[PDB]
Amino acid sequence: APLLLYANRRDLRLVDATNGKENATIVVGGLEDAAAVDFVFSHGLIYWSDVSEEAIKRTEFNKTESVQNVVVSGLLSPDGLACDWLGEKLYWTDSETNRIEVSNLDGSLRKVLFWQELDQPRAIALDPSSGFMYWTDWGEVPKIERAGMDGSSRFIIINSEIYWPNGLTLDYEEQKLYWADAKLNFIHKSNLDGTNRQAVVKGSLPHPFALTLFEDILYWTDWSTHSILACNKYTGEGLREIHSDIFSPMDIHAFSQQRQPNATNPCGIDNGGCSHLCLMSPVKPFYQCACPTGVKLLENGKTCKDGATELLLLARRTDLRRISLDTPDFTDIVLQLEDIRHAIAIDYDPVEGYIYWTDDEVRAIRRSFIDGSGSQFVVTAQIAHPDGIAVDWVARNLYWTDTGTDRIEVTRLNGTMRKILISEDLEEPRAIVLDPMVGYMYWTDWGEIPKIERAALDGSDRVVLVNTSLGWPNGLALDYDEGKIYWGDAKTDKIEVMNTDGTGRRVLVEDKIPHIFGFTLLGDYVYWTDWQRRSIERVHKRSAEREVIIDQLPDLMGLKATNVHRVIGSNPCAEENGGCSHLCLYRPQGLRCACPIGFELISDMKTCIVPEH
């Protein structure tokens, strides 16, 4: 008796098609919006996606009342899910992030496989013995595609007479593909490459959602009739309702070991020699090593690097995100952080791996590791509108600008030993960057007389570098190797570059930059966020070739690109804080020790003391 497993929003249920009139048994309850379902029969596992909890979860069918979270981040509308029972992998689609992703069965080693030309991806079906995956897309260009389960050889197999392709399944016995179209009111079948397409049933399908198969019978769920229907897989005859009055039928499978035929795993017993993911592949040797999202596979084709070498770090008002710069997909991963209300400026310390960011609603400077763990408050008093922040990775100090207080201030990196460095002639201070090797800080002011200014790292010898043809200089970035500084101006709508002494000024970008805010340089590239275009973009600093990194993301703010671990440059503050009891503030002419309020330097020029009454 073919058992049918289906998702039902608040629960997952099992019904036997033989006695379909009977009450369906509840497999898992307490769910919110369970949508996609699949299983690993040999492992006794049932998986489901929940689109309100934004999670994929699993349970063991034998035991009871133990729901295991598998994927709980990075999901918005995970509408389709498929288990690779041969290679032991999990695949899913997401129609809001526009991605197809793969992971191990426990959710580890997640990798985004496809991120382009996905609009409303939905159903996904696997042929692990042939290394091919199939999925539907009911979006602007509706289609059925096929690709390697390693992400290779992507091909459109059906692109005509298609509109809402909601359901998709495979017949492993006859090597056939079946799908249901909820607009064109039919179920069709074809070979695995799309050829010899044939109509199975036509007209009795108000709103089919998911389709499955067992022996010579197709089974599908229908959103408008709230039921599971069935017909003969060759002729469409004998159409009938198996099970009715279902609250909200979603994905469905024939729950059987025979629907997951056993074959040799090409990965063997050594995971193919792959350090991380061993994915089924449709070409000899029929596996392919892969790496987590953003991570490069080395030359041997087997061993992953240790994480991304370079990251783009984003503040985005209500969250922070990181994007690897190592791979072409530019997947933004949201950091797991608490109480992010209005994050604005961001920087990063590669020595300890701390991101630092400002927030003018929390009114605090905070830091964390690149995944959101280790999160700590750094500065909480007299924070008002801190629109710029910079890490001094050499002297281990933290700088910020605040247009709510009209100051530039410095602390140690953990927020202690605070000193006001600039407290006059700041109207709208914003971006701030540091050159510890040379002894300078630079900052922008977008007030009524806009400026780019320079001072020593103690705020002394203040000088205006640029005060003409500026308006809203929001972004600032040094090119340490080339002796240049770049800026983005949201009023003149320009990205400009000049030597750090103010010579050689010239316009780099002039078009389609209506409102830069975030702004950073790494290697050959300048990156920015644009408040009006709602995009992250970059330009090659010599060729001026532009690339869109992310489009249509609201609430973009500050941006910093960085090597994750490597730092360059030094000065005498790096050695025992210069001997300074409190702050060591380097200048081109030599370091100056400094003190928080109420302390004074004594005659050794190093030690701060509260002076006697």
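Residue numbers count along the first chain shown, from 1. First, how it differs from the form deposited in another entry.
- Of the listed residues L239, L553, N262, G307, only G307 lies at a hinge between rigid parts moving between the two forms; the rest are more than 12 positions from any hinge.
- Two rigid parts account for the change between the two forms, and C-alpha superpositions put the rotation of the smaller relative to the larger at 15 degrees.
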Contents of the next structure:
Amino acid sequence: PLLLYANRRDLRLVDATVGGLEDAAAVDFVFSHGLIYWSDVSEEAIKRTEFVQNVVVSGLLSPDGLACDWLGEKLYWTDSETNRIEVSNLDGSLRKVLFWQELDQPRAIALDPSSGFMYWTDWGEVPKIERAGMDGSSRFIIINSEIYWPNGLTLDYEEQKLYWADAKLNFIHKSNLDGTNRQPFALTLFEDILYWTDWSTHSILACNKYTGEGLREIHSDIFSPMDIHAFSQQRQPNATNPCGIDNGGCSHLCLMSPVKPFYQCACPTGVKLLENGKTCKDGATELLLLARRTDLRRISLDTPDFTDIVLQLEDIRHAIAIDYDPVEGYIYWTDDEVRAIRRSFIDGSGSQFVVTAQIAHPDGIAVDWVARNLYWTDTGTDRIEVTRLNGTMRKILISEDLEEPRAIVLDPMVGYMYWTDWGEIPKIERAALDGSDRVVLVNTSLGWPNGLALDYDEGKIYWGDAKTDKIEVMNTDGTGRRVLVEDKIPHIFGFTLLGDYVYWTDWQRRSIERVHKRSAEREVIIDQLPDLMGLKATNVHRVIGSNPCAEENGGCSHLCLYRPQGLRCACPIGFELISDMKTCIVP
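Moving on from the form deposited in one PDB entry, please list the structure of the form deposited in another entry.
For this one, just the chain is written down, with no partner chains and no other molecules.
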């Protein structure tokens, strides 16, 4: 029997007589494919190697359990810090959060693919051992009576038994699901011999698995046993995959199950499973996009787990404002340090720069998904600019008589552009999409207007205010002013609307609350996630409306700027219209 144990900076084998890492807590293998997976609590990662590759980095905090399904070819792990258990394919793709609720400090995990069951421990105020289906079916609590700091769960498939230790009560028990025999950090099995690692001897102790007698010593001097396993093919019994030729018709994940056909079709986190029961939707249909200062994250509003997948993006340093075009599936954000605006997909792939030049404090960004333009406000230079989503055709759209412009939004199908203002006399303004008809919409009871949402469906606009700590609702002209909620407002404020709910950031920028725009009910969605800056709730599919600009750029040689009264073509900096008001020249 060879024994594989997570050291911490090292990974190594012991007998019967991978290095250069910082804090390993867990280890596993798929002997058939010759793979070895480990977890790093300091590096915040899970990697693999053959006899290195990144597998899960996209946001862990302390993952201590790690188990490989060799039959469904899936990787299961637990994060004691984030209070959730997750599954993924062997290389990390198609990642799914199996559990998240009623979880304290999930530690060790072990699998039984043929039966399709998982097992794990809780290290909270209420420590426990619980099992469920490999598909997250039927959560069942098994051990509650007398345990504190349980760890190193191991199963004997040859004799249908479950072993474990207790790093606080110094026993090694055995059971199965019920009936319990009493017979130490991590532990494993091989044939007749159960090997464990002792908190106070720093050696690998071994004993009989039926009686216990013969308390032999395997290897001394072993200081760090963060996890321990038996490295043998026979530790992973063979079975045919019940999924078969092709994922049992699953479009994505085919996970082992205890019941029915003994396989269950699953979808990655957030995304829903169709009437089919085998095919996923093409991603989540409803997204809450999130701009932290240094990361960028997404929350599906399709599922009640609200899990913020980190976007795989490089160099976010001081992000501020965010928005998204549904037509191309593009995310656009701004960065107060890099002094630029960036592009990318939900994935975080295809990352590109959109604008790099004369930007100071781009506190507001807005996509026009009809005319295919992009607007932003700049508190620094004190002007509202517009390009195309590309970043070309840059034109200064409002500059004179504008001080401290902040949040910006557009109503392309109507022809309206709304923004907030500070300075000498703060206000909410409206113009046509070419800066024309600049009119003041709200004049009084404003201090620091911070965020604007449009309720396109119901002719409403929403805003919030730093100084007055109020979030107000109003008609998009013909007023119906009303303060919907009363709460403190962050200087930089992530404000967004979609559906029947309204998303915003709390004072400390530590949490995102939503409010049912109609009623009043406030439920905190995400917690414990600092440095929130900006938000955009959006329907990735649904694209509402159109105007004449959507066809052949309204016959304009550069910018198509839509008024409710018609349409005017526009020109970049240095350009000028010719005799016909449709073509721009360099005079």
